[PDB]
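Removed from the display is one protein chain of the complex; every other protein chain stays in position.
Note that the chains are named A and B in the order they appear, and that numbering of residues resets to 1 at the start of each chain.
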Amino acid sequence: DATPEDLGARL
Amino acid sequence: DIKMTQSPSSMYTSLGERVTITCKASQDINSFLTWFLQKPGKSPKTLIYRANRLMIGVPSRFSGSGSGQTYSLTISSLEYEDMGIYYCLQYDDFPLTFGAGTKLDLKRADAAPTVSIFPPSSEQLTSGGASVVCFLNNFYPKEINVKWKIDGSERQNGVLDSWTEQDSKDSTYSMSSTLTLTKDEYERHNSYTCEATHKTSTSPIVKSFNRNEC
Partner (left out) sequence: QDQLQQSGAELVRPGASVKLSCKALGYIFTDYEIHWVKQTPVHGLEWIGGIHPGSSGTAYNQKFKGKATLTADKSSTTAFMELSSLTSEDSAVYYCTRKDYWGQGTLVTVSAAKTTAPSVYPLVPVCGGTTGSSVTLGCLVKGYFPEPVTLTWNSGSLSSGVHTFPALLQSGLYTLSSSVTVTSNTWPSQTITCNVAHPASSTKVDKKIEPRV
């Protein structure tokens, strides 16, 4: 459902 | 460090009622916020991500809004399943930061506590210890203060308190207060009192006994 629009910035 | 100021901290509600909770970021967080609920002894459950996206499986009566520093979680019609503590989480920038949460609680008439005091049991007194128990049962709101007194003066330590969560049937709360001493310290005093102060009354509810009586 949710995309890496939960984070993404590696780290 | 972004600070999330969440409010209200305590919510007194009724089923079917519409509920609005708010989180204010100390700076712009660009809608990178989640709203999650957590029930007693249970793990967090997310309701909303990215300020306004419904978590798959979550009922539509839940919705979020906001865009800069101000975001809101709205529950169109409160259900029993919804009781618990709500929290917002910003993840726009490290360190991840949380709101202090807001406690949702079912409202009802004010009820004073039913207070009972219990001298140490003989079995324990034989063990060498002496615990004086005191129950403050079925009251509302959850706000309550308890004070102990030996032969007239306040006893600060040796006291341990424990609370139940709101009862599912009567919507009240209950707390247990235990004052522990050694058999010997206990047998050097006579009157042990238990005092409960609660919104429902100015004068405290007093309950006590004397050792010399039994």
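Heads up, the rule we're going with is that contacts are C-beta pairs under 8 Å (C-beta built on N, C-alpha and C of every residue); 3 or more make two chains touch, one makes a residue touch a chain.
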item	value
Touch with the omitted chain, as defined above, among B:13, B:22 or B:46	B:46
Residue, one of B:76, B:137 or B:197, that touches the chain absent here	B:137
Touching residues (missing chain, whole complex) on subunit A	1-2, 4, 6-11
Contacts of subunit B with the absent chain, listed as residue ranges	34, 36, 43-46, 49, 55-56, 87, 89, 91, 94-98, 100-101, 114, 116-121, 123-124, 127, 129, 131, 133, 135, 137, 160-164, 174-176, 178, 180, 209, 213-214
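The rule is short, and it goes like this: only the chains that are shown with their structure count from here on.
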item	value
Computed distance of Cα centres, subunit B from subunit A, in Å	34
Residue ranges of subunit B in contact with subunit A within the complex	49-50, 53, 55-56, 91, 94
In the complex, subunit A residues that touch subunit B	1-2, 5-7, 11
